[PDB]
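Peer 1: Below, each chain spelled out in residue letters.
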Amino acid sequence: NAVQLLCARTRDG
Amino acid sequence: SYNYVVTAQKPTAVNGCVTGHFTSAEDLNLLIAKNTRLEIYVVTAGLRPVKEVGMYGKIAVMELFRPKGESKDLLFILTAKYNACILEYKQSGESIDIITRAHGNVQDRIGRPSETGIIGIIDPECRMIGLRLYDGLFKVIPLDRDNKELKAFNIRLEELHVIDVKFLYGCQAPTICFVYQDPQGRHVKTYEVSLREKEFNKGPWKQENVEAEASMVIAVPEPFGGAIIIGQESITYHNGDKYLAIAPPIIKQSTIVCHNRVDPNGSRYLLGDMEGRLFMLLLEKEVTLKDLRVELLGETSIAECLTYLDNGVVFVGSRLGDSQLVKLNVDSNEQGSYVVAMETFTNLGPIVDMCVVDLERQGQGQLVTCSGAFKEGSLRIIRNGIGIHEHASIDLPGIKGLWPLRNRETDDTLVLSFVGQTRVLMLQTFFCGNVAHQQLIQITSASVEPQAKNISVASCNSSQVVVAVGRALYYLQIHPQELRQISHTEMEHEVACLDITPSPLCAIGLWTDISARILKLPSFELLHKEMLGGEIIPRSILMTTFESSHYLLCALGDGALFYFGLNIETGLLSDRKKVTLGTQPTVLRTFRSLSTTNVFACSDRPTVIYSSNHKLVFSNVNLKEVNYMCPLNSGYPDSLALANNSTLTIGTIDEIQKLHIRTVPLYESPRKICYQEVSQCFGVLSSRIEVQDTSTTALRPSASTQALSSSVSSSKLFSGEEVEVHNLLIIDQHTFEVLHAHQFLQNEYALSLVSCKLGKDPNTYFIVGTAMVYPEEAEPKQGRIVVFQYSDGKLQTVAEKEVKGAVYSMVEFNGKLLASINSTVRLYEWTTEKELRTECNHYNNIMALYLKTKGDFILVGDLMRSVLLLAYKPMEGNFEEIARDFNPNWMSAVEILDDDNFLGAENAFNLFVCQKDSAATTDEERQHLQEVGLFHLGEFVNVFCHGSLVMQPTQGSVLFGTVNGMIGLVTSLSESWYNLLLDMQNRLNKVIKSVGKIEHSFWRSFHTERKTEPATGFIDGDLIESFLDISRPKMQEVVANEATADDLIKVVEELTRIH
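Protein chains in written order, with PDB author numbering: chain B, 25 to 37; chain A, 2 to 46, 48 to 288, 295 to 414, 418 to 438, 456 to 476, 492 to 545, 553 to 684, 686 to 746, 749 to 772, 783 to 1015, 1023 to 1111, 1123 to 1140.
Incorrect hints may have been included.
To be verified - Negatives, chain A to chain B, calculated, CB over 10 Å:
hint	residue
1	11
2	426
3	524
4	800
5	839
6	842
7	858
8	986
Stated by the list, open to error - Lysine to any residue pairs mimicking SDA-like chemistry, simulated, CA-CA at most 25 Å apart:
hint	chain 1	residue 1	chain 2	residue 2
9	A	11	A	637
10	A	335	A	368
11	A	70	A	266
12	A	83	B	32
13	A	844	B	32
14	A	150	B	29
15	A	254	B	29
16	A	864	B	37
17	A	674	A	637
18	A	92	B	30
To be clear, the hints were calculated from the coordinates, so they are not data collected in a lab. Every residue, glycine too, gets a C-beta built ideally from N, C-alpha and C.
Using the sequences and the hints, build the whole thing.
Peer 2: So, in structure tokens, the structure goes:
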């Protein structure tokens, strides 16, 4: 899911 | 286009930590990897710092090892750009070098960089290094002392999806043990590695199946032998025919991410966990192995690495929160925690958003970040400088010196001095003090006494006194009533200044040879004369001690300072460095902060001198001008008395740092921030995790759960599992108390927040772009824009606007509302009926993640199709697509420098700058934005914003914050300046020893997997500023072409005043 993937990436989680 | 990048705050997050015997055989070291920085400590009883270095690469791999017949351990480092090296620690005296034993680039140009990224492992017998860089390959660096360029051979691995690898202990030939994935599930295979036949022979145990989510492999040392495989429900032990398997209920509810061997035999292991819990893994021997146990120790911050030190002390390295030193206790506390925090190291964390505010409404900016994630998330208020808090300020003019006076503990008196006069305070004079036995000293314009002559310069400590009458010196000693004269000398020139800080030596500054000299005492004889050069006399001189080393400091009348290394027995002056600080003459004075002595320099740029990395740092006091100063206890204790030109002042002083960071914990992930000045408060988007109930609850109290006003969304539009619950937080600008929390709908994420006015409406709103987020769907198909106004006390929902996608970005645009809705850019107007109506939009996107505007122009950063430039044609009421960069850059952040120059960060840690082509055949040559500057940052950038931390040769100023916590600055250069800097960029490379012998040009090269170009239009300010910290012998290697070294000091200094 793009929004979660993006939210994760901003953490670099 | 000519830009200059420099670091304002080094990266704070911890990628890696390793423990061993690196500095000596008997020292126990902690090595910490921040991104490009390697920290070296010695373990005390705390941590004594010894050496911080920087590399030209992101440290991807770092482990210590010790070959046969090696005095101490060697360090293996691998960067993400695939630079390998082996470093040794050599300390030949006062000097410390990280010297490169071997080095080489181990990249292949055929290769799929994998999920789980780089893995770097070393054999127990230290015969070999193993790397997993790409899928289906396995690279091997054979570790005989001959191979010094680190030449490597690849073995082809038939397993195309490897999760973890370790080398095992107790194996004849070297053996790797690894978990991989095909269909069918996840498995454990073992191969032996032949060095002489060069490929894989089959291993000890056969291929076993493991858990669907088995993710970590621990290799147990030889008393036990095998491999431990950590997964989500189970921990298992594997050794040939041995298989033990525990599945404890505790570890179900969160994932284990890091581990560390505690007891060397392997009986005990620490386990770290995504929600911050610490476990002990206990192997119970019976040299068989009977059972595995898991015991819960306590909570730490969320661990990226873990490393046991000695004696129950664990270092917890975080990347999402502050790093910490914690103590493991035999006995639980009142709440069942065996964990106890000892020290805490600030991580500005993942910076996910920030803004620049003049909070203390003067002219100096403060950064306010969104830092961290989950329970570690916070706001950080970041202020440049060292502040002093006033407690009283008598408006008294003049004042040409002051001193504090103490018979027990407290300071009591405070003596002042004025032309030819002397007033003394509890609400001319050269010194006032507390001396041996009883009595206090006082030294006037003429005599405490000589032969009708006037004392011109004084100096004193607890037991000795030196005065100067013209060029004559006298040596006094303090004895149980009045002062007996010891020595007498005449200097060749007039004495200017004098210091005898404890006493076998005497520092002296003279009047016509511009000299600073060390004299023996009592002999007065000359141990060392140093010509300072120039034609301005010294004004104050001072010897002191910074972090165990000895120094001389001499302020000149032009605001320059000199500083040398003092011997204290030889009195020799070494390693002359010269620092500009202000324009008027500086007065030096010692004071104490923690358990350190620093120096307060008084000029029109007040400065505190101290020692960080056994180098001396200079840091500004956030005060207009200070002329004299002294430490106090009497305004009252632990203080500083400070006189300026036209009034006095007393107060406390901040921590002695370049940056002051105030920290506001939230206990949830903040995601976006913006200041709304008319409400004097902050809007912050945040989310918290909640878990499927017996009915959704909340794991711990958070900022949203404990606001000082609540509200929940009202809207009827869309009529142990975990889930994010989002909120808008209203935050008092002064107290940073969470004033109000508004909660959004179930499964609505707030992704974007603005604080603007719209239309002719006089109100100031908070506007929130949201998205309806279901793990099943790929992109969202519903979201909304919501218009809140912070009335008083509480938020009221003013407007609502349903849209058909995620609202990734929003910006105020010319009285209207620009928004990205999930691959569409849209422009909203604000009606007199308090409603958003569409004006125009643009669909030539893939995912418009990032907007910024200027005038009628709009910068659109896309998911994958780089950047493009749009205009609002105000007559036609339309969008006009002006130009576009035709490169496949996966954007992270975007910013408009000026109307012709656009800056961007991509997901490969690179920066670029795009320009409008100013060429003929407009329709296509002017529709293409040309990349005009490339630069590899080494960091992932989340946010640009315009602003500056500094103001109480360059133009413009853009700050940026990164996932790793580094705060950075970008500025524009004149072409005159870029060429000069680019010049001495390449002169500095020839002179600066680079750790791992990585070439700087290679480091900063622009690099994806598509292409690798060299950096252009970009100056590495970190590299330009390193000019100040080298030899003057090597400085002159860098000035061959009318230039002088002392002239470039001036240039590089002026540029350090930028951040």
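Peer 1: Against each hint, give a clear statement of whether it holds in the structure.
Peer 2: These are the hints, each one checked on the structure:
1. 11: 18 Å, holds
2. 426: 57 Å, holds
3. 524: Label holds. Min Cβ-Cβ 72 Å, cutoff 10 Å.
4. 800: Nearest chain B Cβ is 26 Å from residue 800 (chain A), so the label holds.
5. 839: 8 Å, violated
6. 842: Given a closest Cβ separation of 5 Å, the condition is violated.
7. 858: 23 Å, holds
8. 986: Label holds. Min Cβ-Cβ 34 Å, cutoff 10 Å.
9. A:11 x A:637: Distance of about 31 Å is beyond 25 Å: violated.
10. A:335 x A:368: 39 Å, violated
11. A:70 x A:266: 20 Å, holds
12. A:83 x B:32: 24 Å, holds
13. A:844 x B:32: Holds, because 20 Å separates the two Cα atoms, which is no more than 25 Å.
14. A:150 x B:29: 42 Å, violated
15. A:254 x B:29: 24 Å, holds
16. A:864 x B:37: Cα-Cα ~32 Å, so violated.
17. A:674 x A:637: At roughly 16 Å apart (the allowed maximum being 25 Å), residue 637 (chain A) and residue 674 (chain A) satisfy the hint.
18. A:92 x B:30: 45 Å, violated
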